[PDB]
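As a starting point, one isolated chain is supplied in structure tokens, in the form deposited without the named molecule.
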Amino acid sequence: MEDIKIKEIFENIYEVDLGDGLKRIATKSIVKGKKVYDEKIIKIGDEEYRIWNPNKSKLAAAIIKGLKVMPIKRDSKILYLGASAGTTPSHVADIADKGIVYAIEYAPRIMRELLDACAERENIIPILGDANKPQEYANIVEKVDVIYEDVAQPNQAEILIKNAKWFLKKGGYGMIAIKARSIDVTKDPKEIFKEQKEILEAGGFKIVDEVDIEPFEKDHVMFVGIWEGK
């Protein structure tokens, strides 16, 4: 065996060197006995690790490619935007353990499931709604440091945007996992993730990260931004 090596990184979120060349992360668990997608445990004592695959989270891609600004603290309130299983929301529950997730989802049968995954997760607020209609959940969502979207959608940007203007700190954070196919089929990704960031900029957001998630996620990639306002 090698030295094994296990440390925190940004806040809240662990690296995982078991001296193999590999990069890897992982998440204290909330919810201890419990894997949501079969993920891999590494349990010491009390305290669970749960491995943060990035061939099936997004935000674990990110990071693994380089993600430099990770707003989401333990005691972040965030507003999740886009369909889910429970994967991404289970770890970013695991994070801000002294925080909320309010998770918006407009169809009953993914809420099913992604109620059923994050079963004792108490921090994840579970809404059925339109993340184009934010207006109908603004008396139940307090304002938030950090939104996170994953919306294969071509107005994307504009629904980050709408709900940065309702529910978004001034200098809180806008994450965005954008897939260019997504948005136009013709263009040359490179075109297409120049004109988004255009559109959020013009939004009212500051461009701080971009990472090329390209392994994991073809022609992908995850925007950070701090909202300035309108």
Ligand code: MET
The other form holds:
Protein chains: 2
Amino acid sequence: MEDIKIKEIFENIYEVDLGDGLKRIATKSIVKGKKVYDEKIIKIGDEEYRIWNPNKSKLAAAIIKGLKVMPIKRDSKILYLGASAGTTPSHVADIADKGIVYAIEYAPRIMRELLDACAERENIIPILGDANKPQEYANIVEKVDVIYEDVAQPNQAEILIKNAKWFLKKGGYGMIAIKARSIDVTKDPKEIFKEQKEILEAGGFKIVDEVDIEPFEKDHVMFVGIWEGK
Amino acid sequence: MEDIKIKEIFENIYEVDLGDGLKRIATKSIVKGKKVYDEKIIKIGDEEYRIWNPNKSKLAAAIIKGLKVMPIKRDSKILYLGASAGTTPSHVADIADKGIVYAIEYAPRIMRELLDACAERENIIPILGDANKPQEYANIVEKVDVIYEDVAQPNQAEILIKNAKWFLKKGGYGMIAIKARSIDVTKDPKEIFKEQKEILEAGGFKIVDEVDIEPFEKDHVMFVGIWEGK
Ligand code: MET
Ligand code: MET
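Could you drop in the structure for the form solved in complex with the named molecule? We only have the form deposited without the named molecule so far.
Below is the entire complex, every chain and molecule, led by the chain shown above.
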């Protein structure tokens, strides 16, 4: 065997080095004994490190591909926008174990799967809603430190901006995974991302990180921006 | 012609988009009318933006290649370690126009060139010394926010650590450009960087950024770390 090293990176996220030259990361499970999506687990005593698969989570893909700005901390309040069976939300909940994760889902069937997958992760607050209409859940969602968005729609940038106006603290962060083809099927991906970046900046964000998440996702880029208001 | 856009990035650093698809950056000159190293200049009214050449400055190369953590701000106190004719120090001085740059040089001939190149940039404080002996200039160098090191020697990591112990504020940053071959001429560069990273972490740094600066420099990596003490 080779030496093994698990060290904390960012805050409450862990780099896993099995000595085989492959990059791996994990989160500390807040629900021991449960596998959310058949992820591999490294159990040390009572602590369980859930291997965070970049092939199944765009956030893990961004970290594996070089993300340097990771605003989600242990006491962070996060607004999660986007269809999910529970994969990324489960890991985000592990990270923000002293915080809250508001998960917005429109389809009851999607929420059904999310509730089953993230069962017992009590810091996740499910909210049936439409991200394009944040005013509807504004009496539920308190001001957040981070908005994480994974919505493959042409108006995804506009959605992040409106939700930021309603819920993001000044100085807070917006993380958005953008699928180029969900915006335009003709333009070159390079140009699409340039235009989307401009839209986010015009909306009030100062872009501080940008990660191409290939080969885990084709023509998808994770943008991270600090919210400065208007 | 194509549209031209100069926008601030990080703090007091500028992205220059001439509309030709090439990435360019610049700093706002604090000594108008003077070219330090025949750099190109964009003069707008009385303001002069000095194009920061990545082929001549490892710091510019790191930014061009994707650096996301840039701790040098307008009021930063910086300890600059490494031979220089004035290129990078001139730009760092432009950035930290409300701060101080302590430039340590051992050879009088090097200091001679630095003083001539950075003439009029009064926020640069030249100090003839040996970086391996920080105690000698400890009554001159006040606590700093950032240490920038460009020393191609096998003991460069040790030098950063000792200077950090003496001058770097807790929470401050260390930026070091490491030439793999100056450490070992046999080992694979990949392994050298891994070992150097470990040395820096053991020394008290939490690495928060790592930038391969090729093709501007072969087998050179810019590391950025937050100083947590011991
Ligand atoms: C389709 S559910 C798994 C992927 C989802 N985008 C997530 O990160 O949760
Ligand atoms: C040899 S002087 C120019 C390069 C130097 N390393 C600098 O950045 O100032």
